[PDB]
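Visitor: The lines below spell out each chain.
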Amino acid sequence: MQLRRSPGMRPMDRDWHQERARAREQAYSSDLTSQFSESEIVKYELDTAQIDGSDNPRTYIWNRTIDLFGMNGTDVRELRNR
Amino acid sequence: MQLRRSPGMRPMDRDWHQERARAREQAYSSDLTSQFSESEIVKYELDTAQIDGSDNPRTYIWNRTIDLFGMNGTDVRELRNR
Amino acid sequence: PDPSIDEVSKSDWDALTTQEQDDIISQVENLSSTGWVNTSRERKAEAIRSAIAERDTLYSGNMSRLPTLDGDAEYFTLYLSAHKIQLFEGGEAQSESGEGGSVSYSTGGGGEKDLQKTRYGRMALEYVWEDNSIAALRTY
Amino acid sequence: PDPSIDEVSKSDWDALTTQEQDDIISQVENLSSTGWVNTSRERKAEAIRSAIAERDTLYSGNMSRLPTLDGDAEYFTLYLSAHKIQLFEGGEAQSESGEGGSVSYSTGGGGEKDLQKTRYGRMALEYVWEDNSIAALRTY
Amino acid sequence: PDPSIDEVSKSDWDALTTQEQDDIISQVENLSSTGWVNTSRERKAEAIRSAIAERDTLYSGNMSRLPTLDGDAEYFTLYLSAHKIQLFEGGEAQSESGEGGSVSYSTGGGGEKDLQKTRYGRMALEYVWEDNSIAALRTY
Amino acid sequence: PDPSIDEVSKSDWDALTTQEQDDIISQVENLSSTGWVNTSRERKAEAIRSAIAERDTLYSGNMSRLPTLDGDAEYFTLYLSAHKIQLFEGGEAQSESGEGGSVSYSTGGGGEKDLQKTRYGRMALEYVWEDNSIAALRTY
Amino acid sequence: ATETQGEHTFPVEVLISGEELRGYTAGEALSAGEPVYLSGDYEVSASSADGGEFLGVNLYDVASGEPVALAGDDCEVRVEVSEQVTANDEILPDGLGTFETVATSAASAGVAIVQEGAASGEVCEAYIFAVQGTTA
Amino acid sequence: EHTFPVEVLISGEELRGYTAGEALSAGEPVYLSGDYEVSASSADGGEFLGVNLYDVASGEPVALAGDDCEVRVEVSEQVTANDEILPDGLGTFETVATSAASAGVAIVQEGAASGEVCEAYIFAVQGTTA
Amino acid sequence: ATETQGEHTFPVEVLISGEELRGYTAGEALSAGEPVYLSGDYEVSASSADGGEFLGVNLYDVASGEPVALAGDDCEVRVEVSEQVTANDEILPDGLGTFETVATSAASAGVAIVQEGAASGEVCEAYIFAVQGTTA
Amino acid sequence: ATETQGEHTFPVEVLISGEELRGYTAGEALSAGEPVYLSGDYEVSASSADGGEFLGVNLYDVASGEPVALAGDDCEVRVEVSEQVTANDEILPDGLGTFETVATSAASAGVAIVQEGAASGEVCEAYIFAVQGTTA
Ligand SMILES: [K+]
Ligand SMILES: [K+]
Ligand SMILES: [K+]
Ligand SMILES: [K+]
Ligand SMILES: [K+]
Ligand SMILES: [Mg+2]
Ligand SMILES: [Mg+2]
Ligand SMILES: [Mg+2]
Ligand SMILES: [Mg+2]
Ligand SMILES: [Mg+2]
Ligand SMILES: [Mg+2]
Ligand SMILES: [Mg+2]
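Protein chains in written order, with this note's numbering: chain A, 65 to 146; chain B, 65 to 146; chain C, 2 to 141; chain D, 2 to 141; chain E, 2 to 141; chain F, 2 to 141; chain G, 3 to 138; chain H, 138 to 267; chain I, 3 to 138; chain J, 3 to 138.
Everything labelled a hint here was simulated from the structure, so no lab data went into it.
Please note: incorrect hints may appear among the correct ones.
Unchecked claim - Pulled a few chain F residues facing chain C out of the computed Cβ check, cut under 10 Å: (1) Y106; (2) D115; (3) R139.
To be verified - Below are the DSS-like pairs computed for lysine-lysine, each with C-alpha atoms no more than 27 Å apart in a straight line: (4) F/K114 with C/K114; (5) E/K114 with E/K11; (6) E/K114 with C/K114; (7) F/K11 with F/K114; (8) E/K114 with D/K114.
Claimed, not checked - Computed beta-carbon distance windows for the label pairs: (9) E/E8 with G/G135: 13 to 23 Å; (10) D/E131 with F/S12: 35 to 45 Å; (11) I/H10 with J/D52: 46 to 56 Å; (12) C/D3 with I/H10: 47 to 57 Å.
Backbone N, C-alpha and C define an ideal beta-carbon position, used for all residues, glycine too.
Only chain A is shown next, with the shape it has when bound in the complex:
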């Protein structure tokens, strides 16, 4: 018998996909223990997700302390030469 949390069934669960996608978008490092619940790491097998912060939009967004030119909030991977 297989429960929703059982190890052979995780890939069938829509939430396992949705939450792994969230985790990649939210992350600021590959160091999962810094950021995610023991529950999240176990339930969503986050060791197996390629989490590194490279999928987080705020890795690429400018946020300078004084902005005279309206540059803040621009994402560098949306520029012409990217």
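Let chain A serve as the given structure and place chains B, C, D, E, F, G, H, I and J with the ligands on it in line with the hints.
Guide: Same frame as chain A, but now just chains B, C, D, E, F, G, H, I and J with the ligands:
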């Protein structure tokens, strides 16, 4: 003369039946002193009602602390082999 | 101690040898710099037996599936024992004065309920959610 | 003790031998370092008889199907006995002074209702929902 | 005692032998470690006669069909008697001081009503719903 | 110390050599100018063992994914040990007086809870979010 | 007080005739047909064994503190006697929940008169004609 | 004097019918005293089949909760989670540790003090081995 | 515990047969197929190395304090053994998340019986037939 | 195992109650009501005497290598006994395709509890409560 409480009249009182039905449905044991007022035991002749907890539905309904499987609230006397 | 104070219930304490009891008594006596040396053995034994009985009855069971004794049960029972050897000694001293020499302690203003009334009970409270009521249940 | 203080009602206490009563009295005397040795046997017996009567009449029965005396009934009756003996002695000493020095105890002006008025009463109170009123009933 | 204090009314107390009265007086004297030995017999008899009368007149009848004297009627009358004797002696000592020796008690006032003013009164008060007003009636 | 106080659990403390324990004891004694030299080794050992046990049980785990022991675990366990030793000596001296003069300390209106009740406790309290309840969870 | 008919026991109807019935509070638990007396303000309790304690008979079973219907004097009642009785005998509360004769009691005046004789432990019919209290 | 009673059955399907060999009470441990007849267990093992669900007179049909059931039962001593327990001879259970027996019949899942009700899982039965 | 199929590793389905599943709270982090025992009121933790600590096998990976599903006795399970085992062998929790035989352990009775033999570090199939607790 | 009614012999139904019915391969020819144990991977054979060899009772007659159904623990069953048995006797396989008491055997623990007594060679009614494997 007869009054509704008088000993020969009790079997005619609708309320004597209905309250003995309640007493059987709400008890867990034949120990009346613990479960009912002295007034109720006298007024409804509860010594003579077959009170034992066998008619209380909660004797048969499952109420476990943790409920992973929706087992709580099932009643054993409603199963296939009962 | 050979059996620790958390391993033993009221009926276990009554069944222990005098030595197994004396080991637990000696452990409780470590919780005061005076050791309560002027109290007799029976009074230390009665305090420990009472602390064991009181743990098992008043500080047992669950709240929201959490154990009501969250802290280390050994030290909880020892502090509850010390709380009861104090109080048998009279209360917790606020001030003591002798041959000119005098001292006053910051033991006042602790609160009105039992465990608040001495430093040992104030320690014991932290092990038991500070006597708070975080229990919860669903219907099904 | 052979019959325990929780196993005897007021009628049973009167029926005990002197030795069975003295075993219970001796157990109660363990709850003070002084043993209340200057108070006579008749007074200690009166306090125990009254504590038994008071348990069976004021601290019996259920509220919302839970027992009123939730703690250990033995230690509750012993603390209720010690409470009475300390009141027969005059109350708690807040302060004591003489040739041998002075001591002030952190009683802290606690409460107004009788059990709040001594350390034994404050202990006894925790065995009995702190005298709270959690009873509940349905109609049908 | 042969007749117990709860078995006699004001007229019955007057009808007793001196010995039956002395047995009840002796029981009341157990509630103080001093026995109030310097207060004379007539004053102890007056206190008991008054406590009987006051039980039967102020602390009798029912509220919401529950008896007002909820506790043991014996000990209620004994504590009510002890309350009266202590007021005939002048009140509770909050402090006593003598040949260097001094003591101060936690007998600070719980409130300003009669029974609140001594330890015996604060005990009697628990037997009688703490003077609360839980009475109820229907119309028909 | 070679094994540090933050590197040992309760079972590890019991497994250390007497010298390894004495190194940690020596470190704790540095937290008072008096060193608590009149309190015996067994009492200092019991305080440290208890502080280790209490750290691992009451001041461990996570709270909104932040560690609950936010400060240095070494100094937290030392301050928690010092807090216990000071409570075994009767608590904070608010004032001391004798032939050599008198002193009064700014202890003031310290709060009801045990860690608030000594200077070491108040230091330890800053390492553990001041006992604040900033935990949070969500449903996925 | 009960009557047998085949397998069955039936309770007897206590009150044969009369309009002198009144409501009191039970001072203790009482059973139908017991003699009772005043024990507090409008409060009735089971009569003791000789004179000076009779107001009427309790008409239905009650717990302590419940309202009591009572049949007083001027009523004819079916009551259990603890001894053999005959017509014209004056009877008195027995102290046991039964009645007995004035002749057997320590007293010298009854509260009811037997109209229909009965054996020991058996239902007589009697007319309640008097009440008794504290005379000293 | 009188404690408020309790639902003995927590969960589980393994209820079976027997005849009461004597008057029996809810939560009382029982053993076979005759052909499908059950009586209150003695102390020290060799006498357990299950616990009685509800109060019964002698000779009446009785529902017995057997192994695989979870039940709440009165203990004569303090018990804790993972204690093995068995019939005490007094209508209660006690621990294997206290008894003369070497094996239990139920495992405690929620602890209780003496005279209180613990929660336990019944897992074995005991009869006459001689 | 794992099947290999080409590049792929598949987790084995732990529970083969059985209807008696029950829910508990995790006292620590646990992984699917670990034997567990009661460690607090309805709280389960990983079984230590000899007798007296077995309620069932954990069915899915959990963090501390999460709800756990157990296969108890009456279940058939796919479990890893730390040593070579054969049909009819009684097996016991090993203290290492595996099982081992009763014969290898210090104990004298098992909790499950092997139905399908396996090498060291390999998945056997076994029927869970008993629990074990504190006997002293 | 057979029941008589007039001139006729009927086969007894081995199973009285329980759902704990499981499938194995027969390692030899087996007969309804015979005790069996694991002789190989999912293979069962007739139990020898003195314990260590019992998984359940064979539910119907089979030749060697056929799939066999088996009642395990939690079943109530009708089985032949080699000796007189009484209610509350523990019983186990006798090696003779029948049960005997633990008391008679060299073993110290049984596998079924007798619920209805029977004489030597007759059919008792028993509840299966344990399995026994190799412990060494
Ligand atoms: K007479
Ligand atoms: K134990
Ligand atoms: K024994
Ligand atoms: K080993
Ligand atoms: K043999
Ligand atoms: Mg409780
Ligand atoms: Mg009351
Ligand atoms: Mg920080
Ligand atoms: Mg007329
Ligand atoms: Mg199955
Ligand atoms: Mg079944
Ligand atoms: Mg089963």
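Visitor: A separate judgement is required for each hint: does it hold in the structure or not?
Guide: Evaluated hints:
Because the smallest distance between the Cβ of F/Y106 and any Cβ of chain C comes to about 9 Å, under 10 Å, the interface hint for this residue holds. Contact between F/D115 and chain C, as hinted, is supported at the beta carbon level, the nearest pair being about 4 Å apart and thus within 10 Å. Against a cut-off of 10 Å between C-beta atoms, the interface hint on F/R139 is violated, since the closest Cβ of chain C lies about 17 Å away. As the CA atoms of F/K114 and C/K114 are separated by approximately 13 Å, the hinted pair is consistent with the 27 Å bound.
Taking the CA atoms of E/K114 and E/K11, the gap is about 24 Å. The hint holds against a cut of 27 Å. Straight-line distance between C-alpha atoms of E/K114 and C/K114 comes to about 24 Å, which keeps the hinted pair within the 27 Å bound. Of the pairs offered as hints, the one joining F/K11 and F/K114 holds, with about 24 Å between alpha carbons and a cut-off of 27 Å not exceeded. A hinted pair counts as satisfied when its Cα atoms are at most 27 Å apart, and E/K114 with D/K114 qualifies at roughly 13 Å.
At about 19 Å, the CB distance of E/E8 to G/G135 agrees with the hint of 13 to 23 Å. With their beta carbons about 37 Å apart, D/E131 and F/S12 fall inside the hinted range of 35 to 45 Å. Between I/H10 and J/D52 the beta carbons are some 48 Å apart, a value that agrees with the proposed interval 46 to 56 Å. A hinted range of 47 to 57 Å holds for the C-beta pair C/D3 and I/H10, which are about 54 Å apart.
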